[PDB]
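A.B. asks: As a plain string of letters, each chain reads:
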Amino acid sequence: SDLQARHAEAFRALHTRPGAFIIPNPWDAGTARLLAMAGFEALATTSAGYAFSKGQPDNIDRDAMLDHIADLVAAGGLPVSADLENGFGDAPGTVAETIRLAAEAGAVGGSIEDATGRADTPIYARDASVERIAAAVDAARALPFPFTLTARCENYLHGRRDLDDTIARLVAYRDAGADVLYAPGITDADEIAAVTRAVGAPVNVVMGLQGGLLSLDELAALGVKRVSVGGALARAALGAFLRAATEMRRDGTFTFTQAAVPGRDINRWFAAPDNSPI
Amino acid sequence: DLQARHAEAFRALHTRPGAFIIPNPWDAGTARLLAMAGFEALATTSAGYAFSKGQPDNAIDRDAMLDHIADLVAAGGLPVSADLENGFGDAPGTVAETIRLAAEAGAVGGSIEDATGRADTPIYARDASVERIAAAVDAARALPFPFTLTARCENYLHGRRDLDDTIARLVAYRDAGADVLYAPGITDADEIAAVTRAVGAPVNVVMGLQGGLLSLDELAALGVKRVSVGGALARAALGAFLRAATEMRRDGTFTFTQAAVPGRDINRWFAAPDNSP
Ligand SMILES: [Cl-]
Ligand SMILES: [Cl-]
Ligand SMILES: [Mg+2]
Ligand SMILES: [Mg+2]
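These protein sequence lines map, in sequence, to chains B and A. Heads up: the first sequence runs through residues 4 to 62, 64 to 282, numbered per the entry's author numbering. Heads up: the second sequence runs through residues 5 to 281, numbered per the entry's author numbering.
Hint data in this document are derived by calculation from the structure and do not stem from the laboratory. Be aware that one or more of the hints could be misleading.
Claimed, not checked - Pair by pair, the computed Cβ-Cβ distance ranges are:
1. A:250 with B:93: 34 to 44 Å
2. A:222 with B:225: 50 to 60 Å
3. B:280 with A:98: 35 to 45 Å
4. A:97 with B:147: 23 to 33 Å
5. A:108 with B:225: 30 to 40 Å
6. A:272 with B:124: 41 to 51 Å
Stated by the list, open to error - Now the stretches of chain A that chain B is said to cover, found in silico as 3 or more residues with beta-carbon under 8 Å:
7. 110 to 120
8. 170 to 177
9. 189 to 201
10. 209 to 217
As the list claims (entries may be wrong) - Footprint (simulated), chain A over chain B, 3 or more residues, beta carbon under 8 Å:
11. 22 to 35
12. 112 to 120
13. 180 to 190
Where is the CB? At the ideal position from N, CA and C, for every residue including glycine.
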């Protein structure tokens, strides 16, 4: 991969052109392929989608994720932003190593969140959080291509729905060198517009995780740059899977198969040596 | 002993009256969910597994399928019947080794089909086919628990919609010792009745592959013992995935998320230490 450097630049450029773009979240090679064929320009991994595929609830082994990143890089042929949880450890050096490893696995971007995993103290202290992002940035800037670092503030997922602390963290992460800022759980249009105005740098908003829905155009008008979907695609697939299971158990019928992608089509598409829209 | 109890449970499904559905998961999560939905056994799918891997059907190797069976045995906690394709080679001894390995991976049954993968000679000659099933039967009989061997005739998937030759193959496979007979692609009710009338031993019919649909009741009235879905559950899942992708590309909206399983539900279910209903 001089390919990696090409993807890195293409990915960074998605963030500076006008409008917002969607970064969808496959959880296996198949889905990665299909999203490229659909015309998406980047992919993001989903620790949640990945977990559901393994029959586990959300929250992951670093080595398992590194393998997963490499699988989706190979399959998709697109730039991949990796969900790297909290960097798989508390210490800044751990976060930094995680960034290097994720790049080595082929990612051209990734996210580091400020959730500790400890219910007592579910969000890292501001100082410690910023030091963490600073270490991630230094690792990112030592790479020989532009690595797009997303800094996550997890406040709204852990009962601290405080807009002002959340903005302050994101601003502090931006000032530490983060390229993209993301607060999952903020869904209100007015709250989102205040985030994007205060942050200025690119903001990612996730759709379908909680609350209400906005379109990509609505989000662009609120100043959002990137829109992701976390585990929602995996959960869409699973909702259809469950409806089929239920039909079979309750009725003994298979009409669910009528809306399935025909075998003939998917075998043709996956027989191709690339993911050309087609 | 757990594999022995499953093997007995799976054998018993086939001998009890009426028909049953054997659904086809393609990962650990789909295996757990089917077990939670109250199904009594699971079948792997060469097709569904390939598609998760970004591969067309019949592109997966034996070692990968073996790991996959073991993953699904562990995740589901139910008897597993493995799609073992053509046994991953032409030679009877390769077929026999595939059965032994499948059993080692935790399967209590599996299927060996008569497709060669050679476009211009797509189905094994009769004698060769029977020899292959004989070797599978010998390997199954060497196991310390009853292994339920399904013998597949692939005629209908390779442009030979010849009911008589297909029947005659499944009868030959039965006479060589196969426990279950399966010809994918037959969906006509009269054809299916002709198959179960000629074969007598348990028949598997697949639904959702091609052609028409019938209910489990309708299939059981035609003599069918087992109804599978091959890659159709994977393809269903993928259908929904694709409608979501298309919605996002066309409209830039995310309303597909309304029909998705809530995250709170899937996390609660998978946090469980087992697959209780
Ligand atoms: Cl999710
Ligand atoms: Cl299929
Ligand atoms: Mg996570
Ligand atoms: Mg197959």
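A.B. asks: Next step is simple, just say for each hint if it's right about the structure.
C.D. replies: Hints, one by one, checked against the model:
Residue 250 of chain A and residue 93 of chain B have their C-beta atoms about 39 Å apart, which keeps the hinted 34 to 44 Å range intact. At about 54 Å, the CB distance of residue 222 of chain A to residue 225 of chain B agrees with the hint of 50 to 60 Å. At about 36 Å, the CB distance of residue 280 of chain B to residue 98 of chain A agrees with the hint of 35 to 45 Å. At roughly 51 Å, the beta carbons of residue 97 of chain A and residue 147 of chain B sit outside the given window of 23 to 33 Å.
Taking 30 to 40 Å as the suggested C-beta distance range, the pair residue 108 of chain A and residue 225 of chain B does not conform, at roughly 59 Å. Checked against the given bound of 41 to 51 Å, the beta carbons of residue 272 of chain A and residue 124 of chain B, roughly 22 Å apart, lie outside it. Interface restraint, the region 110 to 120 of chain A with chain B: violated (0 residues with C-beta to C-beta distance below 8 Å; minimum three). With a cut-off of 8 Å between beta carbons, the region 170 to 177 of chain A has 0 residues touching chain B; three or more are needed, and the interface restraint is violated.
Here the region 189 to 201 of chain A counts 0 residues with a CB under 8 Å from a CB of chain B, which misses the bar of 3, and the coverage is violated. With 5 residues carrying a beta carbon less than 8 Å from a beta carbon of chain B, the region 209 to 217 of chain A meets the three-residue requirement, and the given coverage holds. Note: the region 22 to 35 of chain B has 7 residues with beta-carbon separation from chain A under 8 Å; the three-residue rule is met and the coverage holds. Under a criterion of three residues with beta carbons nearer than 8 Å to beta carbons of chain A, the stated coverage of the region 112 to 120 of chain B fails, only 0 such residues being counted.
Judged by the Cβ-Cβ criterion of 8 Å, the region 180 to 190 of chain B is not covered by chain A as claimed, because only 0 of its residues qualify and three are needed.
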